[PDB]
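One-letter residues, chain by chain:
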Amino acid sequence: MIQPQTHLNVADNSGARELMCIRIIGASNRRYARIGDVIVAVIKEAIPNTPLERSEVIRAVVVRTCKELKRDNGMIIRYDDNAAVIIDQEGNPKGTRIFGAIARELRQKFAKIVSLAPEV
Amino acid sequence: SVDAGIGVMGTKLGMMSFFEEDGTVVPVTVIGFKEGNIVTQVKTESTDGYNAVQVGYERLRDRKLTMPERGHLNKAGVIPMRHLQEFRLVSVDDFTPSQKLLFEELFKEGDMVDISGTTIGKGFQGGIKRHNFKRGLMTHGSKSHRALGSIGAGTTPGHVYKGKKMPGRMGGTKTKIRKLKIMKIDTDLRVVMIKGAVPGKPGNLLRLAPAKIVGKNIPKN
Amino acid sequence: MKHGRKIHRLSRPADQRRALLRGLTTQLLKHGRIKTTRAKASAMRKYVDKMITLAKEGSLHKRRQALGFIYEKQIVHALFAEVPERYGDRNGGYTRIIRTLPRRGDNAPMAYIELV
Amino acid sequence: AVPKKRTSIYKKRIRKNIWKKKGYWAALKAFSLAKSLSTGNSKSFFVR
RNA sequence: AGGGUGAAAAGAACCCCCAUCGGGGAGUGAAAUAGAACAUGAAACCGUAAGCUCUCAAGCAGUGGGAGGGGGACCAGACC
RNA sequence: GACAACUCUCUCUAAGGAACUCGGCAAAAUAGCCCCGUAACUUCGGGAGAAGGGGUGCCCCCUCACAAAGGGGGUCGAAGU
RNA sequence: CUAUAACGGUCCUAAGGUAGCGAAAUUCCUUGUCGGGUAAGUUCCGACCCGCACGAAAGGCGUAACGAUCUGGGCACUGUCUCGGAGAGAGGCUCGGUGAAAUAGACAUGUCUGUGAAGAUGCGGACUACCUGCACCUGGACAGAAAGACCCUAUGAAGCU
RNA sequence: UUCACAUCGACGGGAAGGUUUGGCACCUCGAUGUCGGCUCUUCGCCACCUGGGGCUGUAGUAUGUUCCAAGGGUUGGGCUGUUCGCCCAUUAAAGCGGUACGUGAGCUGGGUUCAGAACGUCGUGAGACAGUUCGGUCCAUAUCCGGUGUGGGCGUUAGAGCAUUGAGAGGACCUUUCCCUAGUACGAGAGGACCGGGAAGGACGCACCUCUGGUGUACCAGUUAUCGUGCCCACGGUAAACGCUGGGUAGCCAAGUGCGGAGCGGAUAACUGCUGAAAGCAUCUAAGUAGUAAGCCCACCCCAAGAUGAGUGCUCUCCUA
RNA sequence: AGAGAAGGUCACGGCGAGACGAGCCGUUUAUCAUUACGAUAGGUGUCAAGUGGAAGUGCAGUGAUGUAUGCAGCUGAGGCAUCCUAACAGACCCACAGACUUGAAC
Ligand SMILES: [Mg+2]
Ligand SMILES: [Mg+2]
Ligand SMILES: [Mg+2]
Ligand SMILES: [Mg+2]
Ligand SMILES: [Mg+2]
Ligand SMILES: [Mg+2]
Ligand SMILES: [Mg+2]
Ligand SMILES: [Mg+2]
Ligand SMILES: [Mg+2]
Ligand SMILES: [Mg+2]
Ligand SMILES: [Mg+2]
Ligand SMILES: [Mg+2]
Ligand SMILES: [Mg+2]
Ligand SMILES: [Mg+2]
Ligand SMILES: [Mg+2]
Ligand SMILES: [Mg+2]
Ligand SMILES: [Mg+2]
Ligand SMILES: [Mg+2]
Ligand SMILES: [Mg+2]
Ligand SMILES: [Mg+2]
Ligand SMILES: [Mg+2]
Ligand SMILES: [Mg+2]
Ligand SMILES: [Mg+2]
Ligand SMILES: [Mg+2]
Ligand SMILES: [Mg+2]
Ligand SMILES: [Mg+2]
Ligand SMILES: [Mg+2]
Ligand SMILES: [Mg+2]
Ligand SMILES: [Mg+2]
Ligand SMILES: [Mg+2]
Ligand SMILES: [Mg+2]
Ligand SMILES: [Mg+2]
Ligand SMILES: [Mg+2]
Ligand SMILES: [Mg+2]
Ligand SMILES: [Mg+2]
Ligand SMILES: [Mg+2]
Ligand SMILES: [Mg+2]
Ligand SMILES: [Mg+2]
Ligand SMILES: [Mg+2]
Ligand SMILES: [Mg+2]
Ligand SMILES: [Mg+2]
Ligand SMILES: [Mg+2]
Ligand SMILES: [Mg+2]
Ligand SMILES: [Mg+2]
Ligand SMILES: [Mg+2]
Ligand SMILES: [Mg+2]
Ligand SMILES: [Mg+2]
Ligand SMILES: [Mg+2]
Ligand SMILES: [Mg+2]
Ligand SMILES: [Mg+2]
Ligand SMILES: [Mg+2]
Ligand SMILES: [Mg+2]
Ligand SMILES: [Mg+2]
Ligand SMILES: [Mg+2]
Ligand SMILES: [Mg+2]
Ligand SMILES: [Mg+2]
Ligand SMILES: [Mg+2]
Ligand SMILES: [Mg+2]
Ligand SMILES: [Mg+2]
Ligand SMILES: [Mg+2]
Ligand SMILES: [Mg+2]
Ligand SMILES: [Mg+2]
Ligand SMILES: [Mg+2]
Ligand SMILES: [Mg+2]
Ligand SMILES: [Mg+2]
Ligand SMILES: [Mg+2]
Ligand SMILES: [Mg+2]
Ligand SMILES: [Mg+2]
Ligand SMILES: [Mg+2]
Ligand SMILES: [Mg+2]
Ligand SMILES: [Mg+2]
Ligand SMILES: [Mg+2]
Ligand SMILES: [Mg+2]
Ligand SMILES: [Mg+2]
Ligand SMILES: [Mg+2]
Ligand SMILES: [Mg+2]
Ligand SMILES: [Mg+2]
Ligand SMILES: [Mg+2]
Ligand SMILES: [Mg+2]
Numbered sequence: 001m002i003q004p005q006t007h008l009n010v011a012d013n014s015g016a017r018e019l020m021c022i023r024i025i026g027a028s029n030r031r032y033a034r035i036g037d038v039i040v041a042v043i044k045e046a047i048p049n050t051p052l053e054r055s056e057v058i059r060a061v062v063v064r065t066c067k068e069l070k071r072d073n074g075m076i077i078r079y080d081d082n083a084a085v086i087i088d089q090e091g092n093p094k095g096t097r098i099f100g101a102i103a104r105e106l107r108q109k110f111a112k113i114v115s116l117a118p119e120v
Numbered sequence: 085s086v087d088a089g090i091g092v093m094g095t096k097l098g099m100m101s102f103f104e105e106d107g108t109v110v111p112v113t114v115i116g117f118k119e120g121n122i123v124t125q126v127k128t129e130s131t132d133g134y135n136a137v138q139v140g141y142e143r144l145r146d147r148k149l150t151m152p153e154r155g156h157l158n159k160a161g162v163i164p165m166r167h168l169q170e171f172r173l174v175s176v177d178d179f180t181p182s183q184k185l186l187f188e189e190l191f192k193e194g195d196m197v198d199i200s201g202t203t204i205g206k207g208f209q210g211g212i213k214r215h216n217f218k219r220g221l222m223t224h225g226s227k228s229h230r231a232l233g234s235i236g237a238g239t240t241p242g243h244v245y246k247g248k249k250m251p252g253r254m255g256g257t258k259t260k261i262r263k264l265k266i267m268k269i270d271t272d273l274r275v276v277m278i279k280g281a282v283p284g285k286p287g288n289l290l291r292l293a294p295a296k297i298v299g300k301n302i303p304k305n
Numbered sequence: 011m012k013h014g015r016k017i018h019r020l021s022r023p024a025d026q027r028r029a030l031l032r033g034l035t036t037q038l039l040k041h042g043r044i045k046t047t048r049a050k051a052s053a054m055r056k057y058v059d060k061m062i063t064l065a066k067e068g069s070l071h072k073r074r075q076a077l078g079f080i081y082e083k084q085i086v087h088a089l090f091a092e093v094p095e096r097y098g099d100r101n102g103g104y105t106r107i108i109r110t111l112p113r114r115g116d117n118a119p120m121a122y123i124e125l126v
Numbered sequence: 002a003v004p005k006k007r008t009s010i011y012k013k014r015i016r017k018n019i020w021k022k023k024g025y026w027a028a029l030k031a032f033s034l035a036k037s038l039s040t041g042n043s044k045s046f047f048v049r
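If you read the sequences in order, they're chains U, W, F and Y. The numbers in UniProt numbering rise by one with no breaks, and the one at position 117 of the first sequence is 117. Take any residue in the second sequence, note its place counting from 1, add 84, and you have its number in UniProt numbering. Take any residue in the third sequence, note its place counting from 1, add 10, and you have its number in UniProt numbering. Take any residue in the fourth sequence, note its place counting from 1, add 1, and you have its number in UniProt numbering.
Derived by calculation from the structure, the hints in this document are not laboratory data. Where is the CB? At the ideal position from N, CA and C, for every residue including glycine. Do not rely on the hints blindly, as some may be mistaken.
What the hints assert, rightly or not - FRET-style restraints, in silico, Cβ to Cβ:
1) W:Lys265 to U:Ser28: 24 to 32 Å
2) U:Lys44 to W:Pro286: 18 to 26 Å
3) Y:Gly24 to W:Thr131: 47 to 55 Å
4) Y:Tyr25 to W:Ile204: 50 to 58 Å
5) W:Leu232 to F:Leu125: 52 to 60 Å
6) W:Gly161 to Y:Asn42: 39 to 47 Å
7) W:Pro286 to Y:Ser37: 37 to 45 Å
8) U:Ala27 to W:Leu232: 51 to 59 Å
9) W:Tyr134 to U:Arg34: 31 to 39 Å
10) F:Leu30 to W:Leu190: 51 to 59 Å
11) W:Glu129 to Y:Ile19: 32 to 40 Å
12) Y:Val48 to F:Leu30: 20 to 28 Å
13) W:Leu221 to Y:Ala35: 56 to 64 Å
As the list claims (entries may be wrong) - So these bits of chain U aren't anywhere near chain W, every CB distance computed over 10 Å:
14) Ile24
15) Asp37
16) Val40
17) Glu45
18) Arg54
19) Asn73
20) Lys94
Take the sequences, apply the hints, and build the full model.
Right, here's the structure in full:
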């Protein structure tokens, strides 16, 4: 449930701290987004002396949402924050390491992120 | 209209879940069945100009029926019943009065079925709930919040268009939910389990018949 | 719409409902027969049967509830003295309603209510 | 708003008779109440 | 701004409805259908009864044709 | 009495948080007392309650109550001006 | 080297704008241009100067403090918004009692497309339409309300210079 | 490249349309309230995307130009009072216009058109500028028509209770990406298909509350201050229309849960054709006939005999003297 | 004229139906059982469910307080039983075998 002007955290080693979604990708003329959906984002806080600057436009995918993610077996997932991970056109992350747990639903689209995660 | 096959009538009892063997969850709706499901009348083209068959349901005390309705059921030696509905067909060569209609003989498993019943009556509702209109500003001095706004252009045409989406009664009418999958049968309790939602609250009447598809079952036109 | 809502509103807020019905039971249990409207009488059956249900189980915990509900103090002490002998066999339906002509001022449907 | 013109005489009467017509249904209820009360058999209505 | 019972108050004993107001008879008077909020009492307006008549319509409402029905001191192939 | 729309006066509202809008209009938030700590600039008076942080209930003791404040210990709750 | 003109010449005035400031509460061209801020800035800040038409007590440039002043940005906050939803109260709705008002040529008061003082319920043609109420919404009746307050006229009126 | 007409097309010519700026000043001065925006529609095509074709200087992918086609769709933001327009990120595309530059007895009032004040400029001056700037009251209980819904009466030829045909009417038939076919056809290579099939989404619509949660002034619990129940304990009232908070069943609701959009059915438009005269040839046709569009009609969903053209079928009733 | 046909309306008790009308259910609540029809609402009983461990008493502690009795206590708009109360009394409208013609039957 990621609307534009939504402040997201960063999970990877990309060297950023905060993001701000401005558009959604993949969903035609949609305004919200769940985990696994790609977004366009704007950096607002970055780490000093890193390849990423403060006001760059990038692509990223949502990995954590405070909104609840329903499964088929009745299980539901909930996080206590909103976060994302930057990506390239192929979909691989720039950061070498990942923080936070990832859901198993991302293996069908983003398997590299599932491997680098500490837990699932 | 022309139905693809023959259906029956039941009562909504509630709604629950259904765990599969693998573990997937299925929001399932339950439908019971009263005593009477017997045929009352058989219509033909020679008499009425069309082929169909009546079906009664919900047996009740005989005193409650009007005496004309008694003679209609007493012709075929049929018990008293409250409701009556038809099932139009192409051929009725294999039906007679005083004939029971077991649903398990007609709906085995995983068969698509068209449910139809009365919806929940909302009453005299506005435009935002009925026609999904948008709302005006709640601040910035706006006086109109949940109003319609304009209901026409002006001097041309000079009148309000017919069928203008406006307030009125909402719900309480007949609808039909198409292509619902049947999950399970239970002949011990005389009950049937269907995936998805059903119009109305528990105790409401409905009709369930085989799913009709345009080019497959019914005669095209 | 009020689908599934079982509550008597009586054209009064909650603070006045909780006081109006609470005050009429004080008068019925001492007089045994009063003259009120039909809407007030219909809402009264739920609460009068409650206080009478407390007397069957005439314990100390059940008495403190009636004292908080019933305004006056002497009726509650007198209520538990007579009900076990008076309603030692009845199970519910501790009152009836008798209709009556309406008033002259507002045509309000009036009716009596009494303890069987 | 404001009325453009005045209502006629007979269109007025047709609207008044409807208001008066409610008395027809109120009289039947009273007659039903009396005949259901002059027998002294109803135990649900105390008239005094 | 608000005038007019009647020749004369003789302004209505008494009885019924009746808590009053008010009304119905009685009695008064040429007249009470002049009864006091009272003299002659037009029109708009609100009504009751009787004769014909409208619920597939549409129209500045009438007019020229006039089906069917009704009506009356003159008469009637007339008239309303 | 009843408890439709719609209007007004009020309360809460998941995820997000000015994307609304001419404009953060309106609403929301802040709030007391005791400590700590308070910038550029300045007419040296101010700025200043700057900002920004911590504590706050009840019970026992220290304590002699010294009107206080403070310290120590214990305890209830999601939440102590 | 272009480009500018420290400098010089000439005409006309009583004299030809000195300090400081400057697309400004002043800049027509104009969203001037460069830079900063924003993912993106006709607004805002800084600077340049081509000052249409700044300028020294109708004062000029700055200025701490103050402002229910104008103006831009940010933190926090939130139903402002995405996108609405639920609930309480007073009205609305029903019954009984009391009981107005603006308005009003008479009104048996449909739509379309034509016609017409050029925008018709009222005329023409076709279509549609049983009669009569109640609760709701206001497109039209060039609706109501104020002998247009804008413009013009009067050998009108008044205030001011 | 040669080749007027794949695509542009000078020089000039002939038209339609009534959305631009204007000319005329015919209706309105005892009043026809404005620019833009919000909300809510509805039509037109001179077609931005989606469907189907022709030509190409069309290899393929992707275009270009043009025909049929208006069924549906045509985003969210930054600046501006704006329209227009520029920019950011997306999208199948982010179409042009009419309806008093649609819509103020439906809304807003930022702009313009009052009174205050100020800068610049003009004027000796009062004052003035289609120059700028700060500020600045938008009334209204629907009579009729019209419109959304819901009743009654009467009629439908004796009077009724149920079940129904469907003339007519509406709603909805929308769309993106990926995979397979296939790295195949094509092409030197780069690069990369038509047709057909199968999945996952978007938007919209009809329903639902088992699930996740909102609200929940029925209810439960915690707690501050004060009054009262003789006092302690324990309770109740008030702190508007919960004193403030923490949870909450049913109900309602969406963010939640299911379903939906089908047809090798009919007739056509553009186009391609078959057969084949006038015209011994040729010709898609002035006989006949076949393929084929998100379009048209039916089919799908709901209403429906006030359909006065008032229907159809089953059943029932019509007593006494 | 009498009397009240089918059936409808009011009235009585209610609703997951509803602005009011309308629409739907019910109006003495059965007896038999292999079986389904005669519980409308409220109350009562019981169960699901919600809140989360009542009062009183005892124990521990100087005390605040904790702890045991105790899935307690309260609630129970919902489900199922139960006629305990109220659906009592009853009232109104309503019954010409369906005019006239023609044909085919009889
Ligand atoms: Mg930047
Ligand atoms: Mg309802
Ligand atoms: Mg909106
Ligand atoms: Mg408001
Ligand atoms: Mg008109
Ligand atoms: Mg009231
Ligand atoms: Mg209170
Ligand atoms: Mg006289
Ligand atoms: Mg007189
Ligand atoms: Mg007709
Ligand atoms: Mg007629
Ligand atoms: Mg929120
Ligand atoms: Mg905006
Ligand atoms: Mg904005
Ligand atoms: Mg404010
Ligand atoms: Mg506030
Ligand atoms: Mg401070
Ligand atoms: Mg400061
Ligand atoms: Mg100088
Ligand atoms: Mg500028
Ligand atoms: Mg200037
Ligand atoms: Mg701005
Ligand atoms: Mg500047
Ligand atoms: Mg100056
Ligand atoms: Mg000087
Ligand atoms: Mg000077
Ligand atoms: Mg000055
Ligand atoms: Mg000020
Ligand atoms: Mg409300
Ligand atoms: Mg209310
Ligand atoms: Mg009244
Ligand atoms: Mg008419
Ligand atoms: Mg003309
Ligand atoms: Mg015209
Ligand atoms: Mg005429
Ligand atoms: Mg006409
Ligand atoms: Mg209105
Ligand atoms: Mg006017
Ligand atoms: Mg004038
Ligand atoms: Mg004038
Ligand atoms: Mg002159
Ligand atoms: Mg024009
Ligand atoms: Mg013009
Ligand atoms: Mg006028
Ligand atoms: Mg075209
Ligand atoms: Mg124009
Ligand atoms: Mg306009
Ligand atoms: Mg208007
Ligand atoms: Mg303004
Ligand atoms: Mg001067
Ligand atoms: Mg302002
Ligand atoms: Mg207004
Ligand atoms: Mg009206
Ligand atoms: Mg109407
Ligand atoms: Mg049809
Ligand atoms: Mg259709
Ligand atoms: Mg739920
Ligand atoms: Mg539930
Ligand atoms: Mg809930
Ligand atoms: Mg005391
Ligand atoms: Mg309390
Ligand atoms: Mg208290
Ligand atoms: Mg008090
Ligand atoms: Mg109060
Ligand atoms: Mg409050
Ligand atoms: Mg809650
Ligand atoms: Mg709460
Ligand atoms: Mg050929
Ligand atoms: Mg040939
Ligand atoms: Mg031919
Ligand atoms: Mg097609
Ligand atoms: Mg009868
Ligand atoms: Mg009825
Ligand atoms: Mg019961
Ligand atoms: Mg439990
Ligand atoms: Mg205890
Ligand atoms: Mg429990
Ligand atoms: Mg129970
Ligand atoms: Mg029993």
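>> Hint by hint, where does the structure go against what was stated? Just the numbers, ascending.
In response: 2, 4, 8, 9, 11, 19
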